[PDB]
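Take a look at this single chain, the form deposited without this ligand, given in structure tokens.
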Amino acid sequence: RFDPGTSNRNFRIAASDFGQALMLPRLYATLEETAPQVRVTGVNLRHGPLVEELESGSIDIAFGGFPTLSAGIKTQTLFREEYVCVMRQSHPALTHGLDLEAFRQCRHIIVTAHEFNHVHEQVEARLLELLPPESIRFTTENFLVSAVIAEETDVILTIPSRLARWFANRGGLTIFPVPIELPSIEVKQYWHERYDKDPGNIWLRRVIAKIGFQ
């Protein structure tokens, strides 16, 4: 059914834009070394029921936190992620510290995710509860968009640390801890039972599961 060295299969992985940008580069080596005509497509999250897409075969694997996925779904946990805060290094509060109430008074960009039933909705909910409505300036579905915007303007962004670190590395942004206690996230890969024994699917899970996510 599936041979890495000769396959032309195009694998589709559903993930947030962040999850995509995290995953695919970690697959490149394996692809050039052992599967040089295999393709990986990063598919955005949708409003429709994700379990259906895994069932129909239109998605091979989902990657991230999808608490709503259960029946007929098999999973494996890959790592934990924690949230932090960022603001750009030419931000007025940077010269200052930031306790909880100064935090509440700044401008925020929120990444929204409840429509996609992605675990980040947990954080989103916490922030919408905490923050004065007037404190929220921008809203977007994409983590990477939100990061770029935080670099170009004075808004505070609350995001997975891995993403924060990737953008900190260019010095646009400073990382500081969230002044509230946010849930720790379990990031996994998800697939459907109907494909548990599919050779290609099995191969992909193996590769993903061997990724050094440290």
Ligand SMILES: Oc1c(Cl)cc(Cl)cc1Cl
Given for the second form:
2 protein chains.
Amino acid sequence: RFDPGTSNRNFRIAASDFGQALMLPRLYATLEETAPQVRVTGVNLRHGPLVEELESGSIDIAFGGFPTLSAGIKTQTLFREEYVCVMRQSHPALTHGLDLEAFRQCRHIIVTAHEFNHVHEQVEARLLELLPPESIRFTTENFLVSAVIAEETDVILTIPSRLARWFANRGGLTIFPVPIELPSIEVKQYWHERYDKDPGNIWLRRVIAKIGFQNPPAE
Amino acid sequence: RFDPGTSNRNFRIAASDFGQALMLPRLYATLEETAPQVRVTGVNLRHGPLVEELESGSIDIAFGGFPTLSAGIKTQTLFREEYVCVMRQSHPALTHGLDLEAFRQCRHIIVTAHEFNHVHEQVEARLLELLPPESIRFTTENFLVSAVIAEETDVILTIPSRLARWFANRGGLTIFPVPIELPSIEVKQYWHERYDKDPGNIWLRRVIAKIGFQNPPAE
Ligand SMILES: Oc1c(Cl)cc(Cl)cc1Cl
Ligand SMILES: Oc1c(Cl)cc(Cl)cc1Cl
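If the one shown is the form deposited without this ligand, what is the structure of the form solved in complex with this ligand?
Whole complex next, starting from this chain.
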């Protein structure tokens, strides 16, 4: 039996750093108003098979796009996302703009996700195919790290538009279209069928389904 | 064995997400001007022994504070850091003040570092000791994630002052002293003695030793 109003359960959500930054603030009001002793922990993605973390209960929900989670896994598709490019407000390419070749000759920072089997790996692969190897100056596993490096140096960064907009709304980056075609991605929450009937998991699942991920955090 | 002006070597630096965000932008000018094909990859901290990653050449340099790195390891202490608290400018306790009692009754997000054996674990331990368990609403392994969440919710975040001051520029955090006695920490670069004589490693270490970590990134 799980009662949100009195529980002190610590829920663990596996997600990229941006996924955590997107999710947790949108849980705050719900926690404050209805589950004041419930704790939520964001857990970084690891190389091991995520399905086993979900099966054992060491992760309650995975939040992201995880193409290799299937067998033994239930899902709810939360939203669809598209990629854009960002550069800092004082980037010298802004004076005359970029055609596709000038883009390829700029310096880039890449977020790598193939080691975590996160759907961003599809974009990573396309960028690695597109770009001259010497054009790639930085690599990182974390989205927020790459965004703040783009604010402080002349590197181009290709990222989900929700992440881009968060920084653009604060003044630090400007957004422009990716000059090649990239897939859109589906972001979902995932749980193991072993916990499909668990009252705590069900509660968190349903809370997440109520979240508006295109809007500011409530309250 | 190594010439920076022509090298296409990919150096891997292990660090917290803030450490990566601190380090890489401060390498950019050096790379642009003296080593245009050298790539730098920020690598997240992991639960396994970091000494083995340095030993195997899997990581070139570790950057941060790692109290369990010793046998087989050479270090250079780069700077000392102290902690502060941040809260968003629209947080209620802003006016009241942040006395210890009011601090304890606020909601907190804690950056957990003990699993990575990073020196922030010392501050983590002090907070967990003083705060009631119901005061801790969120946990994350990522400093930048926690800063985004503090910017967007009424949680209090206790962090290195260099992260706080820089992060408070955009968006709107207010910095407070922590009403707890906290140690300062030493930030160092770490390498394995096996690569003490590797010319590529030597070059990168000396570049790092010339960085002003108290100043903005060059350019
Ligand atoms: O991991 C992600 C999540 Cl959960 C959401 C978005 Cl929009 C992007 C990423 Cl990379
Ligand atoms: O990992 C860190 C580094 Cl490398 C530098 C500072 Cl100032 C703080 C942290 Cl948490």
